[PDB]
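Let's start with one chain on its own, the form solved without the partner chain, as structure tokens.
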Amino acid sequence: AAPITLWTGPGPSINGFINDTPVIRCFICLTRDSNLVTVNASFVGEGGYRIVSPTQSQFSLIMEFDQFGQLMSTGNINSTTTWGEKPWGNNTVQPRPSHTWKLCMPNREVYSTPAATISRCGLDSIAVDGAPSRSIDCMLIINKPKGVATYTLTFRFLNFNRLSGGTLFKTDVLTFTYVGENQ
């Protein structure tokens, strides 16, 4: 029994794709400790998504994993960009899969039907000094079916119409938690 972290590494490329177009830089870290997995994530919109307006359409960024906890090539965030294990003691991304990667996955029996957590997602919070009307929502959906994925994690960005105006799509550090899979 050991902890394990899967992540994008620091300074991720534009690795969030909508219609195969790179539009969002996603820092994603999945850390499994004894029983629970902590999702630690942040996002920076690029190009057409650098600035979001109150009329921005909602969207999902879905990660698809196989039965062994390996990130598949077909999600919005996928294995074509940097993804792998974080060794304790350095900031590298180790791409070679281990059986242990399954421990970062959402427990299939606990999440046998889809689960969700919708939380505030502050945008550009330092520069707008946390103005209430500069937050959207980001909902994590756990194990909503997608393709032939065994596990899915979806980051769904919602309620842009709560924004008072155009806002730089520079998210806060977001945290979610779920029960990890058994080896």
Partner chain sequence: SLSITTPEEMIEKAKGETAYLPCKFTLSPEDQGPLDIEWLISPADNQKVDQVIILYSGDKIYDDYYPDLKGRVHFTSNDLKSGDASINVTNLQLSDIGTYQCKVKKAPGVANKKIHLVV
Given for the second form:
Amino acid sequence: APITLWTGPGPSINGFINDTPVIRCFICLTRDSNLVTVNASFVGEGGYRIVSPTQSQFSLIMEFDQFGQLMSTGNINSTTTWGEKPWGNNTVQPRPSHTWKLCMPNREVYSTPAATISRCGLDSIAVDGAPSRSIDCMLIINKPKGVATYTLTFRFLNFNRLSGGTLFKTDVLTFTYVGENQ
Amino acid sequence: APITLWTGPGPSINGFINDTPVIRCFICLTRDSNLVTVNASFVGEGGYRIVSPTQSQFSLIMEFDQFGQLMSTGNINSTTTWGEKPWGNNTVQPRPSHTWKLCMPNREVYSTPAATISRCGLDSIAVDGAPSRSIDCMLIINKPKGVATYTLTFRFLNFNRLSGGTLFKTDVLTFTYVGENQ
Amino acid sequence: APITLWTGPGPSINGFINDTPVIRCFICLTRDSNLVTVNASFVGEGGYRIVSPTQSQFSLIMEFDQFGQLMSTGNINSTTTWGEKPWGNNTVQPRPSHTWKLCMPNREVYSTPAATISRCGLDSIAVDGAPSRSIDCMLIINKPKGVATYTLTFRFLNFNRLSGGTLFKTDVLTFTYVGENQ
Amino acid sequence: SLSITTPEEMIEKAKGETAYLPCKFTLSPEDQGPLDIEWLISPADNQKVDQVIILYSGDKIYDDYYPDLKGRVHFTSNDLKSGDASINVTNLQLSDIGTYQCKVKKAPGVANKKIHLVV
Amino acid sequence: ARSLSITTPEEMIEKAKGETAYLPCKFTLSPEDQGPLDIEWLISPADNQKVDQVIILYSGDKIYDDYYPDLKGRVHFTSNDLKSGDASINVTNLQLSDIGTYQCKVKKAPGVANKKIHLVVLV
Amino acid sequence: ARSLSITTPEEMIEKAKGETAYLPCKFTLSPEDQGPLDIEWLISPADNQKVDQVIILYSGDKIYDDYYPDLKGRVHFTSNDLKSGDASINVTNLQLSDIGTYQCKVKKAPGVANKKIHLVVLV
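Now that the form solved without the partner chain has been shown, please provide the structure of the form deposited with the partner chain bound.
Now the complete complex, all chains and molecules, led by this one.
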């Protein structure tokens, strides 16, 4: 069966940088038959609302246990709203299920870390997709971290591509990886 | 269940620029368990068969009502072949179903406009992927438009990336968004 | 029903250049309701382990017959481990099924060749997504070849984007196309 | 199901005459989508193929596509939605030689007709 | 209660410049609300085009209150036991720039409720 | 056999410089192993950081061996009839740079087996 884990709509500020949550991450992990699609968007808040070309790169790491449950140790962690999306509504169901493991990156396929670096438009509608208003977002899959069994890292990179101060309001980003077996 | 809405194969000239249909748009919206994949390609015709670096940017807007039915008011609209793809054949079934809503962009997730700006290679096989033969295409999700409940805009941008006159024969473009709930 | 054809994890050296297998390709074709997701990554081996800005471009063509079965004639062919991925394990099952055709590019939709040219980061974790460590990978869908009914071509392009010698260890790449009807 | 009468023909014509390119269609009860008609040209003169020459959609006619046939193509029927998508190519030239395709769609219905025009 | 709810989910409040504004956000949890308590307040000021700007948040049993520079040292949760159902805040030394719509969002998955307060400040 | 397997999954082999190492990799097929026979050997050398580097390949009933420059002309399959369960190789004219872990991967889908051999070359 398919299974979706997500932040819900109207995500909380759930991306920690230096022990303060400052990035509002919409993250949806949807497992269909075999592949998991990561559908994500980000909005910087407070001091991260506008990012400059001098902005240092940073990782937002999600750490998951062997059963596909978010741990409390990553930059995106179990202290914010996170759980299953039921088919038919926009609720976030925190009660774990055995099926949550299916949202995880296949440990044999990703026994060494994998990555996908993609273009990450910022404020794209307002800047009308001006080429120097993109950064990059790299998904890193299963880079080891602590005692996590699975990890997903959103790494934001190459802010020096920006022509000036830009609202840190990312595009909707999509990634794919092979899902774990039950 | 899943549901696909599409133009059919061998799509007609169904993309209006300035009250004239000039772009031949293949557009597939495939809803699986949770996410809708947009699979789309475009062929310019007549005056838009070849685009040059000085080409002005334009949007092809699809407007949908609350039940996921294509309206007559967009640049891509209900005057063209559009409807459900049955599993097992290439027909376009025009009879509405309640399931059509499932291909729409979740209005709670996308309660403000969302976007993905991506590379859009032109004539990529013939020009062998020359880097100066790409433009951008931005999908805008739910940018308000008159009385529409849902919108999908294909905005063609950054024609000035082109080295010279290029056949407006796009790559197959893919985007993803969270599907509406029934 | 959905169907996944793949190389398995830990793929063999299975991409022939000039009559020698030199590229290790992980390839997964996953068919859900309507679309096939191509999820793929590549590691060059031997003389192709490190590519330079002067690396000439090349195509790895997969040839399939009318029943979705990999043929002996492409750059990626039936001498390598290739077959069905069962739901629930990481085996490669070589026994053909009628459902294998469902992974093929819809011959009516792709009655003329389609393409997607995408960014292809190399060694992205190690070089921290440095802009000039990306080449391009173009998927060509149904470029005619021989007596093949379907073709998928991974064409590696624009090595001259590279700043210098780069480990030919690609990002996970994703493409999408409309699947064949049974 | 949706069908065109005589799905393939050859018409011989002389220069300066007008060619009547027939495309009469029958509608099925299931054909509930918008009527969506186009004519294409595959000219023998050059490399390009399947080029629109005239269009009917939204009960409106659009014809400003093929520079060579400018002002020389038009639908013949006053009642095109009833089953007649036929066109005239007036003042025929040598460069009009090619295959002319009529595509009628009315979802789920699809039919086409190719006519090889020789001048 | 039956579901996660806030008492009086829309209010209109009028204060004088220099006053302290008490913005109530009392909530009731239901038995199914088994996720972490996740509370934030946002401001949509009349001053400017900025909307839904976080001013204070409660997450992981910690308060984070350094997002909105105009409200540095001027916003605080009032309750000594916030998890018990009291997400109310004080906005001290009111300014005319403080005029806007304040939103209290309380989540305890699958529970979600929100409340809007329209604050006016007079000289 | 019940499934695809190799005999002696792990081994250490010591040989003198200039001699030839016989690296065994014998395998047993199961009835379900209906895929194409797909063998490779890999070296992870003690010399350098690199790991899992192909030295020789068997696929499509053909041997491919021009991969690893330091072993050029010095790695060969020992069996004439490799497909009947013997993917063993010898490494001739042994050098100190040959010191490393050698891995024999045998695929015949759905069957997979591997084994590692730690080779040591002595002056």
